[PDB]
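First the structure, which I've put down as structure tokens, then a few questions once you've had a look.
Just one protein chain is left out here, and the rest sit where they should.
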Amino acid sequence: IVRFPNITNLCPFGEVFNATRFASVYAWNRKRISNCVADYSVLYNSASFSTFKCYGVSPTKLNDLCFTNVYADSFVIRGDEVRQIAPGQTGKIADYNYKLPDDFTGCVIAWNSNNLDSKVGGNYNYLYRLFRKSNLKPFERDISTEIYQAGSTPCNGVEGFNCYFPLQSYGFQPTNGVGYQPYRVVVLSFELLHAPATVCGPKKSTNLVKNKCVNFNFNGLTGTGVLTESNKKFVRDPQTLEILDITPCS
Amino acid sequence: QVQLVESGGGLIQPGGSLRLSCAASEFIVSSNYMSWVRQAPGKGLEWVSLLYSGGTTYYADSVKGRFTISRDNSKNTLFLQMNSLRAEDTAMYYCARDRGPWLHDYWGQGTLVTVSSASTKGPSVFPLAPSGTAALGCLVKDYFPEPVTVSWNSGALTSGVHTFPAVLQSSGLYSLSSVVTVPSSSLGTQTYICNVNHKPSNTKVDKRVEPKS
Partner (left out) sequence: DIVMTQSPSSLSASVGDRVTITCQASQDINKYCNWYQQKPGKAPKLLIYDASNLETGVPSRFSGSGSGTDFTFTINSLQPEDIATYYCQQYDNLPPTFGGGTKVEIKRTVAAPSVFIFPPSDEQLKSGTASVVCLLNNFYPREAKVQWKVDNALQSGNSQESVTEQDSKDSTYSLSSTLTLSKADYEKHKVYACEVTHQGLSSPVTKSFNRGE
């Protein structure tokens, strides 16, 4: 048996993964996903993606879980920088553009995008931040363009020696080796607050059978046991909000 | 006005420790990518380590776990802590500002690190006496470690001088000659003194080189 909320909206992952224009990594986008049902199997079975690193979850278990909110962050980077979109990584991108937390729960999804994102004379639309005094915090976004003072002399918004524009362009070109080609990245962030879950897989609810040994699934809590009526107050049915005691068996 | 001045080099025994520093002007060290690059005597260039503005560090595999890069913002100084030093760590050590990682656009003049269990020795200075254009000089023999500086007549005599690269004798000590060609009519009248200076010891020596009678 399987008890999920009665959410029915489709989660708008299409306009994230399939958007025609992507953000620069220093200016990465975030789409907040809530109150909807997403079919992650479209994602974790697709052949479009070249990386699918999931932390704190296994990608194929994703159609049996629920979360409070999902965040979808997206941007473009070089190919050989994809490895830096990971917890604990260091470098220009992970320290100064997009940083993941210690305890990240989510998936990093990426695919080569040379056809869409490189131009013949170089696509200078896609930038990254090269200079910054301090590290970004996890999931922090800085889009400032103040001239970077590398020396003691103030810059007064005039760039010159020891006075650098903080952003640097990738200049993607079609003949670039694969590690210098642009990749589109989507980071899925599965958030689990103490609240009703609003983003679920597409698994269909069945009848709530009590008083009997059953394999169950309550918003992602999977066990084998007998659900009975419970006099405790504070697993709870999503649809009916009723408390159920669990006793094990086989 | 920009400057990078390394210090702290010297002779140090294998297994020992040493800290290089690199004082900066005009660059704020804490606002820059900063690198250490080294050069073994008469050899090419090897990058050592890198410090990001934000604190990230990278090390060449050959020094990882033995060297540590750091800074002191107030003194505007970069450090390189060296531990468990090895023969093949001997090299000249440069600090450089990196306009972006490893883009070394401004280098200090370097500090020389000699890794050896050999002892410090000051040189003996012997004269190479002449017999226009006669030739004379100074033999600077049996010192350690490098370097030695040689001037002639406290800086005044400067044209025609040749101070040679030091060479390592089979004994493990260095030696070099410094020679000069002068008008042979000026001999007997003009005084010729080479000023040998060996900073690794506290040795200075001046040698009158006069025609052997």
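Order as written gives the chain letters A and B; numbering starts at 1 within each chain.
Just so we're on the same page, a residue touches a chain if its C-beta (ideal position, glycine included) is under 8 Å from a C-beta of that chain, and two chains touch if they have at least 3 such contacts.
Colleague: Using the touch definition up top, pick the residue from B:162, B:199 or B:204 that touches the left-out chain.
Modeller: B:162
Colleague: Among B:23, B:28, B:40 or B:135, exactly one should touch the missing chain; which is it?
Modeller: Touching the chain that is not displayed is residue B:135.
Colleague: Just one of B:66, B:104 or B:121 touches the chain that is missing; which is it?
Modeller: If we include the chain that is not displayed, B:104 is the one touching it.
Colleague: Could you please point out the chain A residues that touch the chain left off the display?
Modeller: 161, 176-177, 179-180
Colleague: May I ask you to list the residues on chain B that touch the chain which is not drawn?
Modeller: Interface residues of chain B facing the absent chain: 37, 44-47, 58, 60-61, 94, 99, 101-110, 124, 126-129, 133, 135, 137, 139, 141, 162-167, 169, 175-177, 179, 181.
In this section, only the chains that are shown with their structure count from here on.
Colleague: For chain A versus chain B, what separation do you get between their C-alpha means, in angstrom?
Modeller: Their C-alpha centroids are separated by 53 Å.
Colleague: Which residues, counting only chain B, touch chain A once they are in their complex?
Modeller: 2, 26-28, 30-32, 52-56, 58, 97, 99-101
Colleague: If you look only at chain A, which of its residues touch chain B in the complex?
Modeller: 90-92, 95-96, 130-135, 148-153, 162, 164, 168
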